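Peer 1: Next come the chains, spelled out residue by residue.
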Amino acid sequence: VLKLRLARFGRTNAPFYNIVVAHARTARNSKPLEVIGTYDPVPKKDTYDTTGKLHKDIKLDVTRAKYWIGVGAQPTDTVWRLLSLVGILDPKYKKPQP
Amino acid sequence: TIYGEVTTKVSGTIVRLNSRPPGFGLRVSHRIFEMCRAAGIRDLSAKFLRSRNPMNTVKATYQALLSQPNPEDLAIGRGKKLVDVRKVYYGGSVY
Amino acid sequence: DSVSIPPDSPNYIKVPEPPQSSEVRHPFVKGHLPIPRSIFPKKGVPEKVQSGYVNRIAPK
Amino acid sequence: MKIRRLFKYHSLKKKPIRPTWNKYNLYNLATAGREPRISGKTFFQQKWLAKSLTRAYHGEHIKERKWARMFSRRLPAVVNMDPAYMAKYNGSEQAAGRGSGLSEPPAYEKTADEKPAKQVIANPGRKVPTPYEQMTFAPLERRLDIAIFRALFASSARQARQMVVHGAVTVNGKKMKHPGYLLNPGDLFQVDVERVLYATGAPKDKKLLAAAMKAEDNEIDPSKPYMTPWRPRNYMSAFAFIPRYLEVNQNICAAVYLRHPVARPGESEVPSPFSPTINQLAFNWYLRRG
Amino acid sequence: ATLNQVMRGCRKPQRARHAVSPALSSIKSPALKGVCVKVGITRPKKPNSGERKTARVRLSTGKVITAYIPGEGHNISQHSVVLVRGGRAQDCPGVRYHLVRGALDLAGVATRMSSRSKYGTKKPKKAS
Amino acid sequence: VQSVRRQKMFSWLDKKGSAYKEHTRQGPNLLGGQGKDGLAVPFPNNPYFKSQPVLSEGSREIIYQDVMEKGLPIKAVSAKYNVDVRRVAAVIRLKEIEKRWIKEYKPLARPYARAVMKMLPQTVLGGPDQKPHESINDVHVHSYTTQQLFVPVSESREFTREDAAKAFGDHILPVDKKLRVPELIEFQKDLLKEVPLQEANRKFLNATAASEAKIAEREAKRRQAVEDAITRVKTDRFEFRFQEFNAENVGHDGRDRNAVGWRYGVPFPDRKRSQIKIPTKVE
RNA sequence: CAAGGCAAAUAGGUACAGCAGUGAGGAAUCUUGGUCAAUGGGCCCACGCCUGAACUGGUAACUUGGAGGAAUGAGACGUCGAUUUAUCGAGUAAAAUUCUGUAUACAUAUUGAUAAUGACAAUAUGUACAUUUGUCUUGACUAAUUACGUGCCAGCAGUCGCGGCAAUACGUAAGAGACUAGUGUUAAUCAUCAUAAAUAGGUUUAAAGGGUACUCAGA
RNA sequence: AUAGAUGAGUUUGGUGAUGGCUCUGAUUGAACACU
Ligand SMILES: [Mg+2]
Ligand SMILES: [Mg+2]
Ligand SMILES: [Mg+2]
Ligand SMILES: [Mg+2]
Ligand SMILES: [Mg+2]
Ligand SMILES: [Mg+2]
Ligand SMILES: [Mg+2]
Ligand SMILES: [Mg+2]
Ligand SMILES: [Mg+2]
Ligand SMILES: [Mg+2]
Ligand SMILES: [Mg+2]
Ligand SMILES: [Mg+2]
Ligand SMILES: [Mg+2]
Ligand SMILES: [Mg+2]
Ligand SMILES: [Mg+2]
Ligand SMILES: [Mg+2]
Ligand SMILES: [Mg+2]
Ligand SMILES: [Mg+2]
Ligand SMILES: [Mg+2]
Ligand SMILES: [Mg+2]
Numbered sequence: 002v003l004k005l006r007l008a009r010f011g012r013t014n015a016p017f018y019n020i021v022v023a024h025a026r027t028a029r030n031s032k033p034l035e036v037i038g039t040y041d042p043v044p045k046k047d048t049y050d051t052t053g054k055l056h057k058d059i060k061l062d063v064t065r066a067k068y069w070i071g072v073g074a075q076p077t078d079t080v081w082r083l084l085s086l087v088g089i090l091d092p093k094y095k096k097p098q099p
Numbered sequence: 383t384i385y386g387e388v389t390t391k392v393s394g395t396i397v398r399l400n401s402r403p404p405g406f407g408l409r410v411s412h413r414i415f416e417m418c419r420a421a422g423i424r425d426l427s428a429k430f431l432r433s434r435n436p437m438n439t440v441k442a443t444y445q446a447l448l449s450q451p452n453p454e455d456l457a458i459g460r461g462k463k464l465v466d467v468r469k470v471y472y473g474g475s476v477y
Numbered sequence: 047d048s049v050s051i052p053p054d055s056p057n058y059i060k061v062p063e064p065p066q067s068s069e070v071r072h073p074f075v076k077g078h079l080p081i082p083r084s085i086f087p088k089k090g091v092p093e094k095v096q097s098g099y100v101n102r103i104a105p106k
Numbered sequence: 001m002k003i004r005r006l007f008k009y010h011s012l013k014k015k016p017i018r019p020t021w022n023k024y025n026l027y028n029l030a031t032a033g034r035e036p037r038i039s040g041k042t043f044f045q046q047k048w049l050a051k052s053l054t055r056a057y058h059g060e061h062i063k064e065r066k067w068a069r070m071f072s073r074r075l076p077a078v079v080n081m082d083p084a085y086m087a088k089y090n091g092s093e094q095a096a097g098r099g100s101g102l103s104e105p106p107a108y109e110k111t112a113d114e115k116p117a118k119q120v121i122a123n124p125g126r127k128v129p130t131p132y133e134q135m136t137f138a139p140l141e142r143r144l145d146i147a148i149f150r151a152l153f154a155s156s157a158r159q160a161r162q163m164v165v166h167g168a169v170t171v172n173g174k175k176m177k178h179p180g181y182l183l184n185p186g187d188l189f190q191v192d193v194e195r196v197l198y199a200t201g202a203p204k205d206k207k208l209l210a211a212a213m214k215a379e380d381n382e383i384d385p386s387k388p389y390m391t392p393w394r395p396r397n398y399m400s401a402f403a404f405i406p407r408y409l410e411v412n413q414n415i416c417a418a419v420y421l422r423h424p425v426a427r428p429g430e431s432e433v434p435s436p437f438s439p440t441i442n443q444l445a446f447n448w449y450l451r452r453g
Numbered sequence: 045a046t047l048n049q050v051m052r053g054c055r056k057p058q059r060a061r062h063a064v065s066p067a068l069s070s071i072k073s074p075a076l077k078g079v080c081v082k083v084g085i086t087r088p089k090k091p092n093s094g095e096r097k098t099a100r101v102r103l104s105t106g107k108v109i110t111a112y113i114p115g116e117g118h119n120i121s122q123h124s125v126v127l128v129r130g131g132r133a134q135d136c137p138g139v140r141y142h143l144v145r146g147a148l149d150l151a152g153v154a155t156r157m158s159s160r161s162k163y164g165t166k167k168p169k170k171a172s
Numbered sequence: 066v067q068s069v070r071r072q073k074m075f076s077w078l079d080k081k082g083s084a085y086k087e088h089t090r091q092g093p094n095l096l097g098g099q100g101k102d103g104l105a106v107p108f109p110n111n112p113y114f115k116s117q118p119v120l121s122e123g124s125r126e127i128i129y130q131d132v133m134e135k136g137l138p139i140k141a142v143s144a145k146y147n148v149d150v151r152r153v154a155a156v157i158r159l160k161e162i163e164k165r166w167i168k169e170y171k172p173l174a175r176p177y178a179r180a181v182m183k184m185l186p187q188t189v190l191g192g193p194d195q196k197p198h199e200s201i202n203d204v205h206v207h208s209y210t211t212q213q214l215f216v217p218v219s220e221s222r223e224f225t226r227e228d229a230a231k232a233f234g235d236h237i238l239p240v241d242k243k244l245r246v247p248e249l250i251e252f253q254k255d256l257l258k259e260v261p262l263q264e265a266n267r268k269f270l271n272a273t274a275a276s277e278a279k280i281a282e283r284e285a286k287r288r289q290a291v292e293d294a295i296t297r298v299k300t301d302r303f304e305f306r307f308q309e310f311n312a313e314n315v316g317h318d319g320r321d322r323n324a325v326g327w328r329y330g331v332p333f334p335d336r337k338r339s340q341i342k343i344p345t346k347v348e
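Chains as they are written, first to last, in the authors' numbering: chain PP, 2 to 99; chain EE, 383 to 477; chain VV, 47 to 106; chain DD, 1 to 215, 379 to 453; chain LL, 45 to 172; chain 66, 66 to 348.
It is worth saying that the hints were derived from the structure and are not from the lab. Even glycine gets a Cβ: it sits at the ideal position worked out from N, Cα and C.
In silico DMTMM-like pairs for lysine to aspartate or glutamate, Cα to Cα no more than 20 Å straight-line: (1) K86 (chain 66) x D205 (chain DD); (2) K387 (chain DD) x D192 (chain DD); (3) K45 (chain PP) x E304 (chain 66).
Derived Cβ-Cβ restraints for the label pairs, each shown as a range: (4) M417 (chain EE) x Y49 (chain PP): 57 to 67 Å; (5) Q96 (chain VV) x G234 (chain 66): 43 to 53 Å; (6) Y68 (chain PP) x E292 (chain 66): 18 to 28 Å; (7) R9 (chain PP) x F303 (chain 66): 13 to 23 Å; (8) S52 (chain DD) x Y49 (chain PP): 40 to 50 Å; (9) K268 (chain 66) x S52 (chain DD): 50 to 60 Å; (10) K8 (chain DD) x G234 (chain 66): 49 to 59 Å; (11) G234 (chain 66) x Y477 (chain EE): 16 to 26 Å; (12) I103 (chain VV) x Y49 (chain PP): 46 to 56 Å; (13) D47 (chain PP) x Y170 (chain 66): 24 to 34 Å; (14) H236 (chain 66) x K127 (chain DD): 26 to 36 Å.
Could you put the whole structure together from the sequences, leaning on the hints where they help?
Peer 2: Next comes the structure, spelled out in structure tokens:
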């Protein structure tokens with residue numbers, strides 16, 4: 002079952018992820034079929050910016066992720082959330098308005 | 383530095399001197415460093431091939447600094463220019 | 047754009063250097079990445095890119 | 001913890017030259033030997049003597065093990081080339097003759113003739129040599145703590161390191177707390193003004209201010388570390404020189420790292436109180452550390 | 045040798061050289077533990093003269109080697125568990141090992157003031 | 066009682082070294098003194114390192130006002146006063162920080178600036194321009210052009226700089242293209258064609274001004290092309306920036322210096338000597 | 001399914017090369033922690049359950065990286081070791097003075113995570129503190145000296161060697177040279193070594209031309 | 001990837017060769033001794 006998931010890398014207290022296309026039943030950090038992109042959870046801050054805003058750096062190959070999604074790949078809950086922001090899929094969860 | 387490369391032999395003590403680009407330094411042995419430092423050379427490489435006799439080592443190195451290929455005698459002999467590419471490129475001898 | 051570049055950053059004034067003005071020797075990067083599999087045949091035009099291919103394999 | 005290597009820093013017996021404006025250092029620098037005798041010393045005894053001399057000034061606060069790896073065998077240099085020559089000549093004349101150039105009469109003949117021969121065609125000042133040997137410790141000039149010392153913002157390389165470790169410096173408008181940061185061409189490092197005044201300002205002797213509270380222009384402020392009115396250090400004029408690879412602004416106590424130290428024909432951009440004979444011996448030591 | 049003679053395997057490794065401490069070099073160990081079998085004296089060869097204190101030791105591997113006791117004065121005897129390290133007495137044949145003086149049972153020289161690390165002597169702690 | 070060595074120190078520090086206790090005269094007062102080329106020497110044993118002049122305070126403003134008010138290209142100002150383009154750009158950056166301080170009502174280090182500038186040699190630009198501040202045509206010595214080559218050619222060949230560049234390598238350029246202000250060569254060629262100096266400067270200004278337009282264009286197209294790949298999707302808390310890239314550029318074996326991703330088959334180099342764990346770039 | 005060890009008898013389980021841990025062996029290598037919050041996986045319509053993988057805390061200088069304090073300091077007109085009472089040093093060294101607030105401690109805030117869920121910690125800012133020396137070497141190779149004791153004895157040594165009564169080599173004392181939270185030693189690997197030479201060796205007298213050349217294969 | 005190629009002690013009454021051994025450089029999932 003092809004899955005678009007995150008392979009955790011980095012050091013202690015410094016998580017760095019790797020968006021990959023691997024088989025479901027395989028080690029988390031094994032060499033995948035491809036590497037779609039990376040993901041950094043800790044938000045950064047613009048160098049010369051004092052407004053206080055924060056952003057998250059995410060490198061992603063949309064063209065390559067779309068093909069795999071179209072042939073039956075099942076992204077995890079976290080990768081699904083990212084693809085929703087990009088506009089490829091619909092949000093799986095939403096904040097209750099009532 | 384010296385002109386090109388020189389290889390001399392003095393009774394089983396062969397010395398091979400090589401010219402090196404500027405800023406290379408005197409990456410030579412302890413006896414060649416003194417001769418080059420006294421003659422005015424600053425960039426060179428050396429290698430003892432067969433033997434390392436202290437005396438013949440210095441005799442061979444002295445005969446090598448005198449047996450350098452004269453770039454002008456090689457030109458008149460062959461009837462062909464031997465252009466100094468580094469001189470034309472920079473417009474003169476960049477010491 | 048978000049905010050103008052201040053005079054502190056080196057990008058305040060761009061002065062491109064001439065060609066062949068440095069010789070930085072970058073080290074060898076250890077490790078490899080998986081080679082993505084080719085999706086189309088090297089030669090010829092495949093059928094996957096023709097019109098109506100998606101509608102045939104994924105009909106509503 | 002004071003290590004055994006600092007017990008005699010400005011000793012008048014050993015006479016070491018240190019990177020500081022201390023008066024004891026000024027005397028050891030002024031009365032330093034013109035050329036240490038190396039005639040009888042062997043090749044190792046010369047390389048060691050040159051290493052100990054040069055290492056007492058260049059990167060004195062850096063472990064020997066670390067510098068051995070920081071030492072680079074790449075000695076950069078530039079070449080001046082005016083456009084007037086290029087416009088007229090395209091380098092063909094340099095290959096005249098047999099490839100090296102048109103030969104000129106020997107010197108013992110030019111003095112004999114009355115008229116001087118025509119001048120050779122080439123760039124101006126194209127026969128003077130370049131001091132490559134004196135750029136051995138150029139990599140140390142890239143450190144952030146050294147650049148602060150060469151800009152005259154601190155009284156020594158040890159004090160310029162304190163400013164960085166204590167969060168008093170900011171490179172590119174951002175705080176930098178690492179004295180080993182290797183500056184890049186274009187970085188603008190800026191030190192706090194209050195530290196530059198105390199570092200270069202004259203000592204604050206409470207006895208002088210006693211007779212001051214009673215008796379443009381600046382008033383006397385007895386609530387500041389340096390002595391008011393601010394006056395430069397006593398013997399700072401003897402060490403007042405800013406290298407060419409820096410562009411400083413005394414007003415805001417800032418400076419830009421234009422480029423790396425680069426050699427030129429007849430000039431080097433690396434402060435070193437040692438002749439090319441010593442810098443050449445120190446360069447051969449670090450090729451193989453023996 | 046012709047390229048053909050090299051194709052058939054004429055280049056063979058050089059004959060091995062014996063190690064100074066085979067018992068340690070063979071198994072790639074820096075030191076071994078052994079039970080002292082005999083503490084005697086060995087005489088140097090032609091040039092040197094004296095009585096070198098040695099110890100016949102039976103290593104943990106099983107080898108029975110002869111180690112040299114450095115320093116002045118030891119406190120080991122029969123059935124003493126001592127630590128053996130590489131080395132060799134250049135004038136005593138068969139004495140191809142040394143004994144660590146800060147070892148299990150072998151004590152360090154108590155009256156040693158220089159090179160205490162080589163003889164396992166704690167600092168005197170005069171002021172402390 | 067003071068030792069003999071100290072007694073000699075204070076002896077020299079009172080008669081010969083007393084000239085350095087205070088800086089009375091304007092200009093350098095170093096130990097080596099003036100050299101043969103009229104440049105002080107901070108270290109007598111090292112005659113090659115000389116104290117070079119620094120841009121005077123009033124001179125820094127001239128460069129700033131010319132580039133900002135008159136809007137002249139940096140290349141023209143660099144060639145007018147013989148100041149390197151890398152220094153002209155730094156003078157403006159540092160001057161802009163002064164305007165911020167003066168605008169923010171911050172106290173400058175005026176007492177430290179005036180005293181220090183009296184210890185260094187200066188070069189006042191404008192009318193009294195005795196010598197050029199520095200060399201603006203210095204070329205970097207490429208490693209390929211440092212080799213001793215004697216190419217055998219015809220006895221009557223016109224070996225030019227172009228031919229020499231090809232002899233060092235195929236991808237090498239001559240020094241005519243490695244200059245920071247290449248518009249000067251075109252300017253000097255006009256003086257050989259008996260062109261009026263008034264017109265020779267006009268062409269030079271238009272040349273530099275035209276080149277800066279191109280450079281400014283490439284920069285704009287670059288930054289615009291780097292933001293087209295970033296799709297900003299604001300959220301409740303932060304702003305997610307999705308940078309696009311090609312997942313197929315990993316080389317023929319997966320080993321590419323510019324590849325994106327945490328490479329596999331490599332352990333941590335943390336236990337290696339000379340391993341850098343300090344920021345190497347502060348944007 | 002068979003055999004042996006432990007356990008079990010009419011029973012018919014177990015094998016920690018799963019995590020932590022114990023014993024043994026050895027020169028030598030750790031906690032019988034917390035949590036499923038993050039990433040991954042299994043089951044499930046869904047919610048949700050489970051996860052010794054995993055993430056985190058702990059132990060060890062094993063390694064790497066960083067901190068580990070800078071400036072002033074001349075008449076305490078003191079002290080110490082040499083000796084030429086003034087020469088040669090300890091020595092700008094110390095004390096003392098003027099500053100900083102580094103590792104760390106504490107507080108606050110943000111973040112790791114979002115539909116919600118935080119075991120544990122990072123980052124930023126504020127305030128506060130100036131905290132050890134150790135070790136090898138000192139004949140030449142190899143940077144660095146004398147004195148006394150010892151007398152081929154005691155010992156030193158990587159190599160050459162030193163020691164037999166005026167030893168720069170041993171053991172002490174002082175000085176000197178150097179590395180430093182490390183320093184030495186042992187073991188090992190590469191290079192040194194063109195010291196198995198494909199690149200690139202050599203064989204009269206130094207290791208090494210076969211007793212001979214017709215000849216299949218092979219160059 | 002264009003800067004990258006280096007020696008030293010030791011056989012002899014002595015010289016020049018041959019040929020080993022050892023030191024000089026870098027390192028370890030290292031151990032030990034003094035810290
Ligand atoms: Mg022997
Ligand atoms: Mg001692
Ligand atoms: Mg000893
Ligand atoms: Mg276990
Ligand atoms: Mg088992
Ligand atoms: Mg045991
Ligand atoms: Mg989980
Ligand atoms: Mg999950
Ligand atoms: Mg579910
Ligand atoms: Mg802090
Ligand atoms: Mg959960
Ligand atoms: Mg010596
Ligand atoms: Mg001998
Ligand atoms: Mg002794
Ligand atoms: Mg450390
Ligand atoms: Mg025969
Ligand atoms: Mg036969
Ligand atoms: Mg025979
Ligand atoms: Mg004979
Ligand atoms: Mg030989």
